[PDB]
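In the block that follows, a single chain appears as structure tokens, in the form deposited without this ligand.
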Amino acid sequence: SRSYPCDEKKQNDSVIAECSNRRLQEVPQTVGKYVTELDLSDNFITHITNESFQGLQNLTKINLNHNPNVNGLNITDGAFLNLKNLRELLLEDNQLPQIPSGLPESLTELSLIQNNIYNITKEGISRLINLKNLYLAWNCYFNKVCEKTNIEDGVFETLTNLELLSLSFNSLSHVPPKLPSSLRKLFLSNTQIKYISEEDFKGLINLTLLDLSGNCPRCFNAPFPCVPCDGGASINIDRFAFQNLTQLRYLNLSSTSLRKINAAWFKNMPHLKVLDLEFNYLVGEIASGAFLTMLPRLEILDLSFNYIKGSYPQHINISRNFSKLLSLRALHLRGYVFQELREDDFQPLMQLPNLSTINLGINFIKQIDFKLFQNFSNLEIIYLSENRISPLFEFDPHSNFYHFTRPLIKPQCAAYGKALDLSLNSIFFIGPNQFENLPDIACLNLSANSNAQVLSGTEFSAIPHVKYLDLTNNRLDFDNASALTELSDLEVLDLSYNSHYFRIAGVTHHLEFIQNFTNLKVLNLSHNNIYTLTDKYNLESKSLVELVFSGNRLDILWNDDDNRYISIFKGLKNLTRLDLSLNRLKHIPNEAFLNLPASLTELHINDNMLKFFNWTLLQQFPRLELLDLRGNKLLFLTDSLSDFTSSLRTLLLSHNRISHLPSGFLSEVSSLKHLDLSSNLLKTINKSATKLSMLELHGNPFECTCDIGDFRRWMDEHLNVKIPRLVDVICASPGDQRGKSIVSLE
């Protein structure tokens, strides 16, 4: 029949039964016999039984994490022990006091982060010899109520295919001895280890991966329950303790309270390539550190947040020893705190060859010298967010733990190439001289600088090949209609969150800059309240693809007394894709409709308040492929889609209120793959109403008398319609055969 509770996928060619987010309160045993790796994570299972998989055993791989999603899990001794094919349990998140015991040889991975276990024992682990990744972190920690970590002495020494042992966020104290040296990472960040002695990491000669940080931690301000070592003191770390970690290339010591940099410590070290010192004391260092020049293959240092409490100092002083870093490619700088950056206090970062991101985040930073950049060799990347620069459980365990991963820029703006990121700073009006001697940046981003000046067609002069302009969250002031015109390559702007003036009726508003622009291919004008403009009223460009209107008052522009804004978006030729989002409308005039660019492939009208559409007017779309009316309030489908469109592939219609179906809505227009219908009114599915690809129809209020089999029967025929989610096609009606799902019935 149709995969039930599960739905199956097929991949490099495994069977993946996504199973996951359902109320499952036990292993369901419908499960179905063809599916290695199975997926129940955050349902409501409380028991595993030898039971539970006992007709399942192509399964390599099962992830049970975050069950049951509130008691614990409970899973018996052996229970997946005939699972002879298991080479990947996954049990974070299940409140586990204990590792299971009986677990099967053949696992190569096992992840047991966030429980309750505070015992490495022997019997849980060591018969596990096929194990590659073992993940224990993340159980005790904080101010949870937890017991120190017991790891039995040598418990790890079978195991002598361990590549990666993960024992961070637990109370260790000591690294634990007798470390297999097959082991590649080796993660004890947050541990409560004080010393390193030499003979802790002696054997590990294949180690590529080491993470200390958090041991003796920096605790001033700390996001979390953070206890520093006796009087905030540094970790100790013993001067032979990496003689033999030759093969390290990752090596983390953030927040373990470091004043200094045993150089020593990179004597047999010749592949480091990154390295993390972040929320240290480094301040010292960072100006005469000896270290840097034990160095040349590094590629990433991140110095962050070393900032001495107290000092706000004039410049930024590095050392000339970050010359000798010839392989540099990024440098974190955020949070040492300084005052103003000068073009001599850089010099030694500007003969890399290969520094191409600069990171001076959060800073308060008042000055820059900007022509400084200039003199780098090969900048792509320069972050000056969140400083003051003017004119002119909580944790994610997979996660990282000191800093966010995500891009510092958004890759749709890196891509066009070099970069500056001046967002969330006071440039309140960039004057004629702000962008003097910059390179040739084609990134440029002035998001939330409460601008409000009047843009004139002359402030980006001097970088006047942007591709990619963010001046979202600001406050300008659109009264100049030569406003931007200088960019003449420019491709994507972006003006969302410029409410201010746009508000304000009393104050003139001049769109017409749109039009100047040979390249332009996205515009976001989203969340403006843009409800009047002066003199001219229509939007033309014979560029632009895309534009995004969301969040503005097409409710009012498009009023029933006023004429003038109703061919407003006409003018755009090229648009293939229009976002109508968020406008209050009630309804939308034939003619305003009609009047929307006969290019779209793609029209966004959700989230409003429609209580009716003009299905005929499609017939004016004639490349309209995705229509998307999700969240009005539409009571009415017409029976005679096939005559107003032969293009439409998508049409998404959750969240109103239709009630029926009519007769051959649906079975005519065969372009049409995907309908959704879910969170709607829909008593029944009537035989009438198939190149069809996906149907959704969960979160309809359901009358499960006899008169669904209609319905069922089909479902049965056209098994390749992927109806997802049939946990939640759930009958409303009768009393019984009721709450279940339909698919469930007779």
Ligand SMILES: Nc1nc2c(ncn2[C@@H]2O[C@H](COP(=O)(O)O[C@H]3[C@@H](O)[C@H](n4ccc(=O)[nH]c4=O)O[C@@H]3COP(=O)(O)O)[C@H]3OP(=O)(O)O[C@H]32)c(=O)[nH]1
Given for the second form:
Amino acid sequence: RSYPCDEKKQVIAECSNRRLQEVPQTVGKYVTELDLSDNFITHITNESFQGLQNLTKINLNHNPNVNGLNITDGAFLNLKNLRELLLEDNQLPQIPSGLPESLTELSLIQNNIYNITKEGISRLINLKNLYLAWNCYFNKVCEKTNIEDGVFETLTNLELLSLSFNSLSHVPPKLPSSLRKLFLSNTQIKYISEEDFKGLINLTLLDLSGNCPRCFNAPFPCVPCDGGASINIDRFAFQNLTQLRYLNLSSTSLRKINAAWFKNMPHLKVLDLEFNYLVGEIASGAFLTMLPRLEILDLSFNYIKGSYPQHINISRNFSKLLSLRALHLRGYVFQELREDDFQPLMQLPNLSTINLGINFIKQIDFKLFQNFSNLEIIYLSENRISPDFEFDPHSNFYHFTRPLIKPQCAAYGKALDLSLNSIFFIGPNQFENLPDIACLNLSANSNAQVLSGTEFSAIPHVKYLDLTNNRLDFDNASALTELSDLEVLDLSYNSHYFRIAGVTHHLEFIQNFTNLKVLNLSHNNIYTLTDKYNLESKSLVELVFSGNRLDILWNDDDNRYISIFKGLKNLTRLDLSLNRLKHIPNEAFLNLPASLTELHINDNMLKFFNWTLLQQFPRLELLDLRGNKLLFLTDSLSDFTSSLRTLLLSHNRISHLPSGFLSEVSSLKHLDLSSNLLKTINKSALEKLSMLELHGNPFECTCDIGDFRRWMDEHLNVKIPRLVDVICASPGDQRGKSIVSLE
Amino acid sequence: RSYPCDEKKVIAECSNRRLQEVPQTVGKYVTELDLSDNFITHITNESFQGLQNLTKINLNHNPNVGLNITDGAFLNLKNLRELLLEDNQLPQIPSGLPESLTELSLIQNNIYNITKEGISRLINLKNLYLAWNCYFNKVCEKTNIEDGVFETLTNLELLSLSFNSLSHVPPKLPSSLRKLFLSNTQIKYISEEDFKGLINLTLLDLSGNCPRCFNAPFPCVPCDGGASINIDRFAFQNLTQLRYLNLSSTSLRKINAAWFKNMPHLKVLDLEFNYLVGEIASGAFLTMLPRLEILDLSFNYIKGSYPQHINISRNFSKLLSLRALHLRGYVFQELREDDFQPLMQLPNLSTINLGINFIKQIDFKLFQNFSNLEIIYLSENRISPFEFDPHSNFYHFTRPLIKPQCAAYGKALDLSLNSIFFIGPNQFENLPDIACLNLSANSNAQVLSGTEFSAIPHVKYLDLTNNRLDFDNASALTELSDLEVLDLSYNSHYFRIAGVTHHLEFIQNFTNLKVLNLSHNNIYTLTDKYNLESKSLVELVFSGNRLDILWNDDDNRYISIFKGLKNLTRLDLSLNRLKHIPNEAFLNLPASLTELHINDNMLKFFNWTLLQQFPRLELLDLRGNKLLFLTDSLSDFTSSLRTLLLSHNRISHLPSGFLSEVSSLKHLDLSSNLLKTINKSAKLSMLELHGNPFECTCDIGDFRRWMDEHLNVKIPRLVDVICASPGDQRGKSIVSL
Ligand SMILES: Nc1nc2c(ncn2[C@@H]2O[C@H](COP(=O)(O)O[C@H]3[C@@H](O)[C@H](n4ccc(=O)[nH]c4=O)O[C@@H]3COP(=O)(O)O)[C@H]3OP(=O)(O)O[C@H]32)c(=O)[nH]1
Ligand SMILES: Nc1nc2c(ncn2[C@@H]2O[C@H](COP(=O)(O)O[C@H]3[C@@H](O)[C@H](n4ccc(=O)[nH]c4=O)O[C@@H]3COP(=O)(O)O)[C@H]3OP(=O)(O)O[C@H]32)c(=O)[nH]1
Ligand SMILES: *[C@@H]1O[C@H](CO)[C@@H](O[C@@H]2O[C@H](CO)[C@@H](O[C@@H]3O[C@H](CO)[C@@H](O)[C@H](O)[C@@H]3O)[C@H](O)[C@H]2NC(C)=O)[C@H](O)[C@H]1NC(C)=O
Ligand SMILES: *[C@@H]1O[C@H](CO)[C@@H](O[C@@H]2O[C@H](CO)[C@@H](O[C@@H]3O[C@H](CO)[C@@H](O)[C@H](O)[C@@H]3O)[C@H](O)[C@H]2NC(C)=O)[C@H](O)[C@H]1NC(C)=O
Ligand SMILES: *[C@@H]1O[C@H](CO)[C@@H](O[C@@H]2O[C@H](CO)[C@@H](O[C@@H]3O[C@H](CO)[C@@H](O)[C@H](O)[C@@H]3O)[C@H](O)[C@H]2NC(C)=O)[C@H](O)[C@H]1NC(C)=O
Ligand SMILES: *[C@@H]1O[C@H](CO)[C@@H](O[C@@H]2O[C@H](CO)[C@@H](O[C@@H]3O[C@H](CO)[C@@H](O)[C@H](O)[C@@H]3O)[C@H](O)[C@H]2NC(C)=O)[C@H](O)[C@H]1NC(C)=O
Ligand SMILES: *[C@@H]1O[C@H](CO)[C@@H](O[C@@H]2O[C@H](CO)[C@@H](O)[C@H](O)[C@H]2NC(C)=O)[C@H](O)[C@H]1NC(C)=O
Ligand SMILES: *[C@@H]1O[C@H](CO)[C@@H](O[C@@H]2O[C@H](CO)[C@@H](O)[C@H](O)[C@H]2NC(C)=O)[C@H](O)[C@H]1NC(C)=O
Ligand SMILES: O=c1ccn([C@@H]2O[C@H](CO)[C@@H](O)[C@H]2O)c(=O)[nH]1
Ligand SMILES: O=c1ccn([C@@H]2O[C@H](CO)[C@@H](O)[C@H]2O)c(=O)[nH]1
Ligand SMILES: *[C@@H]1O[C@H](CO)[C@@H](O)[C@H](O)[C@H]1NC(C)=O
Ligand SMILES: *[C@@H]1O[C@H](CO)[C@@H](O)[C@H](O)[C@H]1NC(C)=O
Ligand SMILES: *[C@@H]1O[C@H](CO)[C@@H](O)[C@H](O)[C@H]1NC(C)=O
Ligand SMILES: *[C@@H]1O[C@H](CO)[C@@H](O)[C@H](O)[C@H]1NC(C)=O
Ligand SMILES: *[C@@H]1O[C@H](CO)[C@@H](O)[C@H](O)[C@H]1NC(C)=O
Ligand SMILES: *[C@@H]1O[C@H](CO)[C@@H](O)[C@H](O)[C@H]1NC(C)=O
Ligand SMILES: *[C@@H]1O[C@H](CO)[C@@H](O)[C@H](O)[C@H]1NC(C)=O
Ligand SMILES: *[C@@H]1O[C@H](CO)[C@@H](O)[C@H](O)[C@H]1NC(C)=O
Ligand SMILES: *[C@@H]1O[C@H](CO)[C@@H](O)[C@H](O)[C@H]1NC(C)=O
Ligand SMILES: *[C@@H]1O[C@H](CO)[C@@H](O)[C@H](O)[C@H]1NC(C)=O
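Alt. form deposited with this ligand bound, vs. the form deposited without this ligand above:
Every chain and every other molecule in the complex is listed next, the one we just looked at coming first.
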């Protein structure tokens, strides 16, 4: 049984974030990939891996976690098959000397390396990917980056070079022509000469973002080119970049795009022009002629500060972008979207996504979207429609790359996102002349209206409706029923009226949906309903009821809600967490749908749980009771269940395991007992279980512990994670140490 | 040193201490004993034997999480006046309670039988509480009141019987009564005989008898066919001294004016939760109330009905003494000027409350034409551009409608929890001279520009919390020259977004601004001006923001973010995720500070030597962090520090000399840390140590010795200052060795 790492085959040794002080000498001979990131390793020497000649990869990132990792000349030199070596965030002062010449990936992102030397690098002929980003940047106290002449020239298999967020001042000379991707973002390069990318006939990606940056409102310390000038790109800079697919020129202070940049660039797929000053160019846009194969165009945050124009001015020459799939125009900042303003786009055959987030737009003429060929995502979030390093070095710096629309919503069809606006009620004609919308997000519009069964009549086929973070007033039982096809409904965070005991709350409308599969009512603080105390639906499969007040609903002095979930005949998944529950009336538990396969009651305050009532739940596979105050287990659990696969009891107050509880239920694969109060496990508990969790428990590590230890050896198919977290509370000398390490 | 209680001046506070039974170590000299919320299971004549000067006993909520009392167990207690036995699941009144009893509370038990044997022996009772013994869907018997049981109680002033099944006003009540409480007692009928003889009654509560049950937040049984309570027209005839009358939720559709004939001093009339819409618009009984100060007609809405207007009878103009009119939940669309006519000449009408009416429009000019409103309460409308506490009102909350700190300044207008998502140019035309304005929770997303409040320029307290304000203009709120308190908490919406502007410059422009709250805005980036500046400002709350990011190691722009706050005495930096504070950032905090909070962050280290630049610093709060050790040189860094809070850190060892370092140091909190000892080595008035894991061997004795030799050093919760080790000491307070 491996220690300290968790070893598997897919041979990986997961060994991260385990407070290891030195490289463990206890790693299998057979491991090919070792991860020791986020540990406290302070030294590496020609000893540190002596056992492990079959190592293809070592991750040593972020050591030591909260001064600097200390690597000896040739410490890795003995590792003949070492391919990928990650050394990020290790406060290195130089590139380690004597690296094995077999390397293909080297990463030194986020260290203190300001000298890139032949001695360090030139001998590594097999390097494919080399990452030196983020060594000198912002107001980090650091030197200008010295790149020794010809250091890269010998790297003739190098496909990816990244030097971003270093002070370079000039594109380094003598780059090998093997290069496919070249990242030089935020490098302080003012000027790009015809010579800089001369040879690079294989380049597919070039990133010159952040050189001559647009600094207004920068969320980082930002230094403009003198006068706020744009980057200066020679007319012929890109001449031989025939294979370029991706070009990032975000925040280079462009007022003018040169069309001839693109003359020899027939395969260009992505042009990123965020954070420039391109309002003028968006109105003119000759360069657009040059880009009929472009799929993605990001023109976000090019606004003129202070200027809030009536309309957006889009060149007719947008019509020429025949391959365009997505257009991003956040942050142009304009008051009104009129049908004609988007004419140049209405015939683009493959234009699927339009993103106008964050434009402070007050009005939109929605009939305009109809006229589009093929829109699948209309993203209008964040407008004014009405009735220890801050930046991840492995992320895009200029936007977020999460999907615009949850995938679960977009699978249903056309998507319209009106989240984070001011649509505080939906009027009669609000959704008029819209397309057949299937996925609709109205989250956080502070919508306080009484829905009544007509508001979505124009878009009756909505299948996924996100109404979270509003303040909806449920005083009408026809609400939403115009949506016969509704499958998913998200009503989380509409507490506003639910908190007020004296106003009606009608949730009757739920029964009227033929196809409703998932319903989210979390964080609504539900403690009182009007007239009908029961949730009913023949359809519903999942109910999420976390963060309401079942403590008040199932209070011992009130019977009204004793069956609140019973009418949910089709239910398999129920979540009752964060309901302040101290106990559940037996009658109320036995009234939970008998169809349940998955029940969560975690993060309440349960002192007692009545295990026997499980008998009314033949199909129950998973039971989550984490984060309650549970004191003991039943000793005959298999009397009460034959289905239970996963039982979670982390973070309770269990001090004893009953007689043979390990082998109590055959069906139990996964049992979680971590962060409880076990000081041992007697032979008593001995007499299909894949995983058993035990970390956090205060173990008494005397010879009383030997029974279980023996058990661990006799059942190595029972996985016990985090063995370094399965710790002796006592005795004094054994305190801190893993139970697994003492004789 | 008292144990296990904390004795004061002579009051033994001994509640919530996990006591299995009454402690036998109670100071013999104690008057009041609090043992509420322990796990006590039995009381005998043995329990309180040694204590004879007992005025009062509290044993509520025992055992907490079945209180057996023996007959006559309290008999030996010759001076016992007050006895609290709430929430003990008693099956009967206990027998043999002493005669000296002036106050008995038996709220929340299982007592269904009120007996002479229990009660009639208690000649001296002023106050008797028997409420909440059988109610709702509790399994309980109808309540038996033995005939005449209260007859002998001729000093009885308060009798509370609410929330029990009575069905009739028990007969034969001592005429001493000032206050009779009979809410939710299932009494359909009030006869002429029921009160007749109670000539000193100032208060009568008949609420919840024949309840209005629609949308009730509790299991609710109406009288047959929604019928009203039946009150005999001479039922209140000899109730000449009545000041408070509660008829909430009695299903009244009609009020008999003549109930108020002999009652010309009624001050409070509660008519919540009935059906008095017609009565409100006709209302002869409004003539019979010339001294009435507070009238509550809330929640008399007709369900479904949502009328254009509110119909207020002319006769409201006879309510000459009216100070506060509560008209929640009438439910209607539009408040016109003509509709509040009757109200305009009432000289003392200071408070008008229309919360929760779903109102869409108001003619704000109508409030001018009143004689002297101090409080216009319009929260929770549609304006645009055991569950229950047995010591609270059942039908409304009793907290001030407007926070006292805001009302203190003058006329107040509360428009919270509406949909005023921007303030238009006339939103505040025709208003009185408002001094306190609440616009919280309106989802207002506007760019304030220094003109929106011109029509009410003397606002001194402005609550704009829970909005989504867009700070894109340095002149925001600058028309309010008199502004003293500005609360902008919970306006994260746009501060989240790196790409839009965030202009806080406007703050320097106020001569008289004292308090600024910017909590929970997740502020991490600001536009152009990176500094907060004010000559006047005295307190800044900045909790719930991102100083971890503002003060990041690779950015210098915010290193002086608070320096320009030259007059500042209180600064809150809690909940900012700070793992460490740059030294140059700390030194840049205003030197005027007297109080600094940096609790609930994640600090591993603290540069104590930095305290030399803060010579007026009295309170330093570092609770809920990850500090691993204290300086050993504190005397050298500060001579001003009185309170030092380190609760909930990871401190393992107390530095030699620490306990006698500092002269200014009154109060030191080290509860919930990792102290195993306080070795001999290590103005002091209080020292908190509960929650630490002490080694309870002989090493500990030097500290015990220390405790004895300094009784002037309070150490609360000694019950909770527990041993972790060794195995035979685990569990035991460190005094009990
Ligand atoms: N460019 C951009 N993208 C944003 C923005 N806000 C959200 N996003 C989303 O990032 C996601 C990643 O976009 P990004 O353009 O940064 O990177 C793309 C594009 O550069 C590129 N791509 C993607 C699609 C395509 O048709 N052609 C193409 O070249 O492949 C990357 C991987 O993204 P994937 O599409 O596989 O998730 C997109 O998923 P999205 O359709 O929901 O809108 C995108 C934003 O402001 N700008
Ligand atoms: N009656 C009533 N009061 C409500 C309601 N909602 C909030 N409140 C507030 O609770 C508070 C308590 O009022 P309530 O009528 O329940 O009880 C009063 C009144 O019954 C009575 N009183 C108060 C003032 C007075 O002039 N005359 C008078 O008889 O003494 C009690 C204590 O008041 P306090 O000392 O807390 O101000 C008031 O302080 P408030 O001015 O903000 O408006 C009140 C509500 O819906 N109804
Ligand atoms: C400028 O524009 C280009 C957009 O083409 C950006 O390149 C993209 O950079 C991200 C972040 O490093 C890369 O994503 C990462 O990819 C690796 C490898 O597959 C994976 O380990 C990470 O988790 C993450 O997915 C992405 O590959 C890359 N795009 C392409 C086509 O290679 C560039 O980041 C932009 N520059 C800045 C500063 O925003
Ligand atoms: C309201 O509850 C719904 C339903 O539970 C939440 O949406 C669901 O969120 C879960 C994860 O939180 C999604 O499951 C995940 O699927 C992904 C991708 O396939 C998988 O990688 C994850 O391990 C996980 O299984 C689930 O698909 C999603 N369901 C739907 C229908 O969208 C929702 O987040 C809740 N709303 C709020 C505001 O919290
Ligand atoms: C019916 O209306 C009357 C209006 O007076 C309400 O009477 C009030 O009842 C509350 C609830 O206990 C009393 O509050 C208590 O005041 C005493 C003062 O010594 C204090 O010790 C308690 O902690 C508690 O705060 C309040 O005094 C009382 N008002 C008067 C003038 O006595 C009554 O509660 C209403 N009934 C229901 C069921 O809501
Ligand atoms: C925004 O910050 C202000 C200033 O901290 C908060 O208002 C202040 O709230 C405290 C209590 O948290 C008040 O002090 C308390 O006063 C009461 C009554 O005098 C007293 O009983 C307490 O012992 C304590 O002294 C303080 O007066 C009050 N300040 C003002 C100017 O009203 C405010 O609550 C914060 N807002 C939010 C939404 O968190
Ligand atoms: C509806 O719009 C809201 C608001 O933008 C989306 O909420 C975001 O969701 C992502 C992923 O769930 C989170 O990481 C963000 O934190 C959320 N933002 C906020 C402000 O809450 C929501 O996901 C959208 N719904 C769908 C179905 O796409
Ligand atoms: C402004 O309006 C809101 C209306 O809710 C008040 O916020 C409430 O404050 C009370 C008293 O502190 C709290 O107990 C409530 O929980 C708060 N409710 C909400 C929804 O936040 C606020 O106090 C009012 N401000 C002033 C100055 O009176
Ligand atoms: O927007 C509105 C308008 C009126 N009502 C009415 O107010 C009462 C209490 O909520 C109910 O009868 C309901 O009809 C609402 O709930 N919401
Ligand atoms: O409501 C608005 C309208 C426009 N802008 C403008 O948008 C840009 C980014 O915030 C800035 O120039 C600002 O003037 C806003 O910030 N908020
Ligand atoms: C790191 O360790 C090496 C030897 O292992 C030593 O020569 C060197 O001085 C150390 N450097 C630091 C800064 O610890
Ligand atoms: C673009 O849309 C056309 C139809 O207008 C379709 O034939 C073609 O397959 C689409 N192109 C891609 C790459 O999806
Ligand atoms: C629901 O609202 C509609 C629209 O006004 C109305 O016709 C209907 O009567 C309402 N139904 C209920 C349950 O009140
Ligand atoms: C909703 O379903 C119920 C049947 O349970 C029915 O009474 C009602 O008319 C339905 N309303 C709509 C709009 O489908
Ligand atoms: C029950 O749930 C299943 C999904 O597992 C679904 O196919 C079916 O429609 C549901 N039953 C009814 C009556 O809707
Ligand atoms: C109004 O209040 C004042 C001051 O408390 C009081 O003296 C006066 O009698 C009241 N006026 C009336 C008409 O009740
Ligand atoms: C703030 O907005 C007002 C109103 O639009 C305008 O007059 C003023 O110039 C603005 N001030 C700033 C700081 O831009
Ligand atoms: C606020 O004060 C600053 C300088 O202290 C000044 O620049 C600005 O014009 C002032 N604004 C207003 C609206 O008074
Ligand atoms: C500083 O605060 C104190 C107390 O509020 C006050 O006396 C003084 O006016 C303030 N100073 C200035 C310059 O506003
Ligand atoms: C504390 O700050 C002072 C002043 O900057 C500095 O001299 C000292 O080194 C700091 N000490 C620690 C513990 O960092």
